[PDB]
Amino acid sequence: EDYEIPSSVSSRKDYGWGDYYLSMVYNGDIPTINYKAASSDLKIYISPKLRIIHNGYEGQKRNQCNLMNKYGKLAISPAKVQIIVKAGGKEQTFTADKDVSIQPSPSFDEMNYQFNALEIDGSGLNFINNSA
Amino acid sequence: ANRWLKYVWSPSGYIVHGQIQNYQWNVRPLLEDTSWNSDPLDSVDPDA
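If you read the protein sequences in the order shown, they are chains A and B. Each residue of the first sequence is one higher than the one before, counting from 1 in my numbering. Each residue of the second sequence is one higher than the one before, counting from 1001 in my numbering.
Looking at chain B on its own, in the form it has when it is part of the complex:
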């Protein structure tokens, strides 16, 4: 379970092509969008 969670997030970071990376989030939009949105999405779906 730990190994699989690491495909999304690693607090210790990642190694790519032997290089030490400077990020923890391995999903581009989670790495990006570091700011909370302000105005909420007006919906009924928590997934949206």
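In isolation and in its complexed conformation, chain A is listed as follows:
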């Protein structure tokens, strides 16, 4: 079983803005992927990074977040910073207050939460025509 998994993934399938269109998640990444396969098992280690930039929605909302950003300092709760994954049918959640050793300082320009290694169960990964 040759599992061909890229060593890094940087692309997006979907995107959302925050509730008040005040800030948004910035094109984050999956700087590295590692894995181990076995008959009847697969463990994938993903070490992603979550990035926040206080950019509001284009329009007067972008201008309003700029007035915020340039006239004060940031906030964001690391306990609620998280990555949720679904390998096929199996769901796992990882948080920044457990899997990130150093938190970014508060800032309105950018914050970066780098996760150490998220061990994800790929045995629930359902392949159709040998693709999942």
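Simulated from the structure, these hints should not be mistaken for laboratory data. Even for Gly, the Cβ is constructed at its ideal location relative to N, Cα and C. Errors might be hidden in some of the hints.
Now the in silico label distances, taken between C-beta atoms and shown as ranges [claimed, not checked]:
1. A:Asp14 / B:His1017: 31 to 39 Å
2. B:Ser1012 / A:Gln64: 47 to 55 Å
3. A:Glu110 / B:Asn1026: 39 to 47 Å
4. B:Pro1011 / A:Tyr71: 48 to 56 Å
5. B:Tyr1014 / A:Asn116: 18 to 26 Å
6. B:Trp1009 / A:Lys90: 29 to 37 Å
7. A:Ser39 / B:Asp1039: 42 to 50 Å
8. B:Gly1018 / A:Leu118: 16 to 24 Å
9. A:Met68 / B:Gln1021: 46 to 54 Å
10. B:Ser1012 / A:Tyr15: 36 to 44 Å
11. B:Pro1011 / A:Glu91: 24 to 32 Å
12. A:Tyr15 / B:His1017: 39 to 47 Å
13. B:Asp1047 / A:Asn116: 33 to 41 Å
14. B:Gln1021 / A:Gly16: 33 to 41 Å
Far from chain A by the CB rule (all over 12 Å, computed), these chain B residues [claimed, not checked]:
15. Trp1004
16. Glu1032
17. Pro1040
Add chain B to chain A, keeping to what the hints say.
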């Protein structure tokens, strides 16, 4: 020699019944007892 050392320890871990295991030490007491003892055993035998 490498293969035989792996019966005791594998830095890369082990596969059991097809599953990927989360341990390197294949001898139960070496897997356990991860903390150094504090008070030493008072002896003359390094094996004890």
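How the hints compare with the structure:
Remark: the range hint 31 to 39 Å for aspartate 14 of chain A to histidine 1017 of chain B is upheld by a beta-carbon distance near 38 Å. Range check, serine 1012 of chain B to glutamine 64 of chain A: Cβ separation about 53 Å, and the 47 to 55 Å hint holds. Taking the beta carbon of each, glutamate 110 of chain A and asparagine 1026 of chain B are about 46 Å apart, inside 39 to 47 Å as hinted. A hinted range of 48 to 56 Å for the beta carbons of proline 1011 of chain B and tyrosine 71 of chain A is consistent with their spacing of about 53 Å.
Under the hint 18 to 26 Å, the C-beta atoms of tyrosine 1014 of chain B and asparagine 116 of chain A, about 22 Å apart, fit the expected range. The hint said 29 to 37 Å for the Cβ distance between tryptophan 1009 of chain B and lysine 90 of chain A, and at roughly 30 Å that hint holds. In this structure, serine 39 of chain A and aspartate 1039 of chain B meet the distance hint of 42 to 50 Å, their C-beta atoms being roughly 46 Å apart. The hinted range of 16 to 24 Å is satisfied by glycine 1018 of chain B and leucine 118 of chain A, whose Cβ atoms lie roughly 22 Å apart.
Between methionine 68 of chain A and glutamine 1021 of chain B the Cβ separation comes to about 50 Å, which falls inside the hinted range of 46 to 54 Å. The supplied range of 36 to 44 Å is met by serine 1012 of chain B and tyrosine 15 of chain A, whose beta-carbon atoms lie about 38 Å from each other. Between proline 1011 of chain B and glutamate 91 of chain A the beta carbons are some 31 Å apart, a value that agrees with the proposed interval 24 to 32 Å. At about 42 Å, the CB distance of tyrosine 15 of chain A to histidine 1017 of chain B agrees with the hint of 39 to 47 Å.
The hint said 33 to 41 Å for the Cβ distance between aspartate 1047 of chain B and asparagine 116 of chain A, and at roughly 39 Å that hint holds. For the pair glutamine 1021 of chain B and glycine 16 of chain A, the beta carbons lie near 38 Å from each other, so the given range of 33 to 41 Å is met. Residue placement check: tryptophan 1004 of chain B keeps its beta carbon more than 12 Å from all beta carbons of chain A (closest about 22 Å). Remark: the non-interface label on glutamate 1032 of chain B is consistent with the geometry, its nearest Cβ contact in chain A lying 22 Å away (cut-off 12 Å).
The beta carbon of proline 1040 of chain B sits about 34 Å from the closest Cβ of chain A, which is more than 12 Å, so the claim that it is off the interface holds.
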